[PDB]
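Form solved without the named molecule, single chain, as C-alpha cells, below.
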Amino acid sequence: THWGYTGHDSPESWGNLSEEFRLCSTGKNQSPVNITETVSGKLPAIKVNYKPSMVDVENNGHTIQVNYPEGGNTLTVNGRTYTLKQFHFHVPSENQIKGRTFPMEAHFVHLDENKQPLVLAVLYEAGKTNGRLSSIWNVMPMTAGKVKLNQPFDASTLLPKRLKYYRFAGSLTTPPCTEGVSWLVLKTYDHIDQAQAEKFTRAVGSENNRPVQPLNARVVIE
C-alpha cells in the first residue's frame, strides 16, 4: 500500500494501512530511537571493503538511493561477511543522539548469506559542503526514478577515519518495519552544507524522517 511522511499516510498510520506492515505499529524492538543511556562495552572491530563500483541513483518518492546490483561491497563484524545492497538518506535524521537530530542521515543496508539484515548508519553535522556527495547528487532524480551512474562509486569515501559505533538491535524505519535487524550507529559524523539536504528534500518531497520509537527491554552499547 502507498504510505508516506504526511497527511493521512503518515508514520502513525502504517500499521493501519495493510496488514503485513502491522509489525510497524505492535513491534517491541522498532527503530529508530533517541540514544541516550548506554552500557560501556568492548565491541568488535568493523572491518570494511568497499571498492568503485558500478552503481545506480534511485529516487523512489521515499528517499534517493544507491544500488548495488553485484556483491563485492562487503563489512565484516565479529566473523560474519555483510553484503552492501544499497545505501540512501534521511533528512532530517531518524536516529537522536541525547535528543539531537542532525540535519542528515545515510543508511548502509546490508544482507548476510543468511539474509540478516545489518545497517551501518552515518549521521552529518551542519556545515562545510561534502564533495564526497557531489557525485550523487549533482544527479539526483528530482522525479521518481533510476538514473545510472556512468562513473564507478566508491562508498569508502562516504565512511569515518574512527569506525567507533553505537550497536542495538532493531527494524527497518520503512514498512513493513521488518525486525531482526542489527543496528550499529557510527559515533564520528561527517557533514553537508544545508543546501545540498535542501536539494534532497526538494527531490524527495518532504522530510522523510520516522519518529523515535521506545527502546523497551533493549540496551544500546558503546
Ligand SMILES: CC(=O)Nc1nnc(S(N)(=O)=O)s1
Second form
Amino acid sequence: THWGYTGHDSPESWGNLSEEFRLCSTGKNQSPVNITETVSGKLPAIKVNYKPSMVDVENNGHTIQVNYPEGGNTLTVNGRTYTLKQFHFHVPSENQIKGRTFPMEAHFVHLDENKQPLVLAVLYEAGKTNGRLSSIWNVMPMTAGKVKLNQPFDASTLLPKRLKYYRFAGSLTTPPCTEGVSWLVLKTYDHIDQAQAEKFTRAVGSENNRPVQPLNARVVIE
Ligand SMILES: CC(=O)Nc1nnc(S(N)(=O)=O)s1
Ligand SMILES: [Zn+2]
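How about the form deposited with the named molecule bound, since we already have the form solved without the named molecule?
All chains and molecules follow, beginning with the one already shown.
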C-alpha cells in the first residue's frame, strides 16, 4: 500500500491506509519527537565498532538508504551488541531539539540478537559541504533503484568522537510505525551544504519527515 509525505496519503492519514498501519494513529509511544524537557541521567556510553564495508545505495521512494548485507558494523551499549543493517536520511529532520528543526537527520538502524531494534540518529546543521557523505551523494539514485557502490564505505566517519546522546523509546517514523524501538539522538551535530539537501529532496521527491508525536508518558534522558 502506497504512502508518502504530501497529498492524500500524507502522515496524518497513514493510520487508515490499512489495518497493519493502524499503530501510526493509535500508538502512544511514537517517533519522531520534539525533545524539550529532559531528565539528566547517567546514560551508558556508546561504543562504535564501525568499519569499511561493501554497501549499496538505494532509493526506495521515501528516502536514500545505504544497506549493509553483512554484520560487522556494530555498536555496543550497556552490554548488548547491535548490528547495523542500513542507514538513511530525512530532509528536513524528523526529531526536534527545543522546537528546532535541522536541515537533515540520519538514522542508523540496528538489531541486537533478540531482534530488539535501535536507531542511532545524527543531526546535521547547515554548514560547509559534507566531505564524508559525498561518496554516497555522487551515486545517489535519483529515482527508485539500487547501485552497488564499488569503493568501500566507512560509516565510522559519519559518527562523532563525542558520543553523548538523548535516550527515549519510540517507533519507526514510517508505516507500520512499529513500536519497541530504542532512540539514541547524538548531541554533537554534523554539517551539510544547502546543495546536498536540495539534491536529496530532488532524488526522493519530497520533504520526508514525519511530524513530531506527543511524548505522553515518556521521559527523555540526557
Ligand atoms: C523495514 C524497516 O527497517 N523500516 C524502517 N527502518 N527505519 C526507519 S526510521 N524512519 O524509523 O528510522 S523505518
Ligand atoms: Zn528514518
